[PDB]
Amino acid sequence: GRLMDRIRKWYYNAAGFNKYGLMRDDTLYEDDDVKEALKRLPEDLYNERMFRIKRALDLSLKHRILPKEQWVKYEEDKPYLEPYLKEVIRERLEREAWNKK
Amino acid sequence: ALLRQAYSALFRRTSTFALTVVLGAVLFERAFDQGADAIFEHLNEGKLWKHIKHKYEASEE
Amino acid sequence: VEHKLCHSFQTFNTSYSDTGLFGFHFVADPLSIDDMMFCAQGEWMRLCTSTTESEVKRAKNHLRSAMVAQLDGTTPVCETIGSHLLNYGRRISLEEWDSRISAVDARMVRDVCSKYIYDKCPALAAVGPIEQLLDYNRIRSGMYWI
Amino acid sequence: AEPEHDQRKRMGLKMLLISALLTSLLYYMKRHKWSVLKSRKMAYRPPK
Amino acid sequence: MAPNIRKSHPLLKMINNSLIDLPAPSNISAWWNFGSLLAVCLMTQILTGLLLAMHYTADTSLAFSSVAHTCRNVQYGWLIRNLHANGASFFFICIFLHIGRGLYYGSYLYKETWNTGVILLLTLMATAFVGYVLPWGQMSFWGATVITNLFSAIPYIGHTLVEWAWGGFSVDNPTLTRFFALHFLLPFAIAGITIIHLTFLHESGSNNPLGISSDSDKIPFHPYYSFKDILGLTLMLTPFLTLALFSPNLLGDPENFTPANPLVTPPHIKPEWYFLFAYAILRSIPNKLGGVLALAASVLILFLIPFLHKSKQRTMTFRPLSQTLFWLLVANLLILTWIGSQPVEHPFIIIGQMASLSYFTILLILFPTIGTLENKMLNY
Ligand code: HEM
Ligand code: HEM
Ligand SMILES: CO/C=C(/C(=O)OC)c1ccccc1COc1nc2ccc(C)cc2nc1C(F)(F)F
Ligand SMILES: CCCCCCCCO[C@@H]1O[C@H](CO)[C@@H](O)[C@H](O)[C@H]1O
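Here the protein sequences come in this chain order: A, B, C, D and E.
Under my numbering, the residues of the first sequence are numbered 185 to 285, in order.
Under my numbering, the residues of the second sequence are numbered 35 to 95, in order.
Under my numbering, the residues of the third sequence are numbered 711 to 856, in order.
Under my numbering, the residues of the fourth sequence are numbered 317 to 364, in order.
Under my numbering, the residues of the fifth sequence are numbered 25 to 404, in order.
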């Protein structure tokens, strides 16, 4: 059935970052893989992300949020960084395994 | 228009602003203290030495 | 020049019928914006508080040569007439201007600049890689104390 | 056990008034400075 | 050379690069106000401590009275004494929120800043511990006796370290004079290490409530945070002073208005509020050594938090499950606190063992687990 889907969309809404207009990926802690992943982003996706973040920080400082209409919707959240991040990790593991044996 | 006058005479030059803060403090102290003690004592009528003092201050033995 | 603060800078006194803009504009590398702004606002405060008779003597001579240079050719003299009538409702000669200019002294410059600059809330426009220039509040505090 | 009793309370009173007065003034000041950021507006204008 | 003497001067450059032009996130909340308060508090404790130390006498026959003399005879000695003892409390209230904030917003990812933070906590705890002995009242003596006696539960090196630390066979004058010296000393080490704390911090810069790069929106520490911090100060200071001047003995144990007596054990030996939670965990494990270890770990556990972070997000702002777990933990601590002030009797004994058990469970098991679970609910 649709259990996992109901849970996921539930959590997504419970989390609330969409209220700041943030995309799930905009909320990733910038560890090393994410740092690299971001460097691989196309200029436009990078600048869009940048504005979204600066926008959230300004809301956060103001102690306000976006008008309900503008909240990112679960099914419209573009996972723009995940493809890159998964590759950066794919490469790192290869190197890691190769430097052992 | 005091705000205007005050701004031109007191708050404009940093030099007069500081000078204002000093005399402001001097005056404020004198006033805040009197008012404070006055409130405190009034709240405690007849309990302080100041009050019952007359009973033994040259009025005994 | 000493600290390589900018590629260029200019002051301007853009007048209008009932209002105007008195300021300055500079172009500089991303990493020297702060110091330039700092030194610039500095010079503005120097204007309101310590201008010397030496500085004015020269300023007047520079301004005289400047007004005369605006009358070098027929087109520029025509422009002056067109604007003078339109803005001052008549023409103001070099002989009159010069009189006005000669009247200016240190004392006067200080008082006039203090009147329009000191402790005022400026208007700011910044374009480009401006990260190093920041906070209106900080710019605002630059508007007081020599 | 505590001879300062009275003075201690007379002070507490002054401490309160000044405390109220100062906390107030500093609250305005803080708000006044932050107003620049609190009201700030921004837009994203790509060459799109 | 540099145009403004704030950038070039080897000293004004320092005051500047850490308190005036220092880039701070535009959105740090009031929970970021505690670092400065902790600092101001520290400078304050030192000042009032020196003032008191100038009228104190480190000797078992004069300690209790020298403090009484200070309150009774020294101009404003009572006030200085009040501020010092209550300042220690303020200090801890501030430090606990400082830590809390850090746990909630994942600041511990700044490992060196975090590990030095832990060392500051321990140093502060030892400092208050020795400082508490100085007035030499009943709780001062028995607290000293009971606690320092736990070390003899260590293997072999135990029974020694104790009589070495005491300078004799029981807590006596030699112990007192060496405690005054340590109490006078440790605060400076705290100041020292605090400098290291802020140095590591400045490498990265402050974290912020959303846990995302604030590089796109940094603001000068001054006037934004200088004004915000000063306001935060006055806000806290009002209750501190209110409680101090209107209810001086609210927090203190009355057993300490009675000169230490080695031949009379007080009915209920308990620490100041800020140590209660740890006392509870200490008493939870009956067996001198295991209780010591449990106490040790109750604080040393902080060195592990950085390693039990499994979330892909830095803060808990967007993690509802972790949030409640977090507040469960906080409430878990009020309970241990409460238990710490209650005698060792049913139902307290069992409630106590539970609260302890839950405390370590939440930090070592649940937190890392729920984080993993949460990553899957985001489809990560
Ligand atoms: C002597 C006591 C302490 C002092 C003087 C102190 C001071 C500071 C100061 C001034 C800040 C910066 C402003 C702020 O975020 O509050 C800071 C940040 C920080 N401190 Fe402390 N601190 C103390 C103890 C500790 C403790 C016990 C911990 C945790 C075990 C700690 C962890 C941190 C961390 C992780 C930050 C990063 C804050 C962030 O940006 O998220 N500090 N501290
Ligand atoms: C981190 C800072 C400090 C803390 C946490 C602190 C804490 C304490 C505590 C809890 C007490 C017992 C208070 C009571 O009577 O109940 C105390 C007392 C005392 N402290 Fe400190 N102290 C600090 C710094 C200092 C310093 C720097 C000195 C010395 C220059 C000092 C000198 C004293 C003295 C003389 C007493 C004994 C008199 C009294 O009991 O009030 N303290 N301190
Ligand atoms: C000299 O003793 C001073 C005590 C005190 O409360 O100081 C403020 C005191 C008084 C009565 C009973 C116990 C204590 C000290 O307690 C502690 N004191 C501690 C001192 C340092 C550290 C790292 C942990 C401590 N833990 C505790 C615990 F409460 F858990 F027993
Ligand atoms: C938040 C800071 C509050 C500071 C309040 C200062 C008021 C203390 O004022 C005190 O009052 C006593 C009683 O009249 C006098 O005896 C003392 O000399 C005087 O210093």
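Simulated from the structure, these hints should not be mistaken for lab results.
The reader is advised that the hints may include incorrect statements.
As the list claims (entries may be wrong) - Here are the simulated distance ranges between beta carbons:
(1) D:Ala336 with B:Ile86: 30 to 36 Å
(2) C:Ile856 with B:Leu37: 48 to 54 Å
(3) D:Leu329 with C:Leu834: 46 to 52 Å
(4) E:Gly216 with B:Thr54: 58 to 64 Å
(5) B:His76 with E:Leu274: 35 to 41 Å
(6) C:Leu834 with E:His226: 28 to 34 Å
(7) E:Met149 with B:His76: 29 to 35 Å
(8) E:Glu369 with B:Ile73: 47 to 53 Å
(9) E:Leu274 with C:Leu834: 51 to 57 Å
Note that CB positions come from ideal geometry on N, CA and C, so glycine has one too.
Structure-based check of all given hints:
1. Between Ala336 of chain D and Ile86 of chain B the beta carbon distance is about 33 Å. The supplied range of 30 to 36 Å therefore holds.
2. A hinted range of 48 to 54 Å for the beta carbons of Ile856 of chain C and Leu37 of chain B is inconsistent with their spacing of about 25 Å.
3. Distance hint for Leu329 of chain D and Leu834 of chain C: a CB-CB separation of about 48 Å, consistent with the stated range 46 to 52 Å.
4. Between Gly216 of chain E and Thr54 of chain B, the C-beta spacing of about 41 Å breaks the proposed range 58 to 64 Å.
5. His76 of chain B and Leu274 of chain E have their C-beta atoms about 27 Å apart, which leaves the hinted 35 to 41 Å range violated.
6. Remark: the range hint 28 to 34 Å for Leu834 of chain C to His226 of chain E is upheld by a beta-carbon distance near 29 Å.
7. At roughly 46 Å, the beta-carbon separation of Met149 of chain E and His76 of chain B lies outside the given 29 to 35 Å, and the hint is violated.
8. With their beta carbons about 49 Å apart, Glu369 of chain E and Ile73 of chain B fall inside the hinted range of 47 to 53 Å.
9. Range check, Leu274 of chain E to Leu834 of chain C: Cβ separation about 53 Å, and the 51 to 57 Å hint holds.
Violated hints, listed in ascending order, are 2, 4, 5, 7; each of the other numbered hints is respected by the structure.
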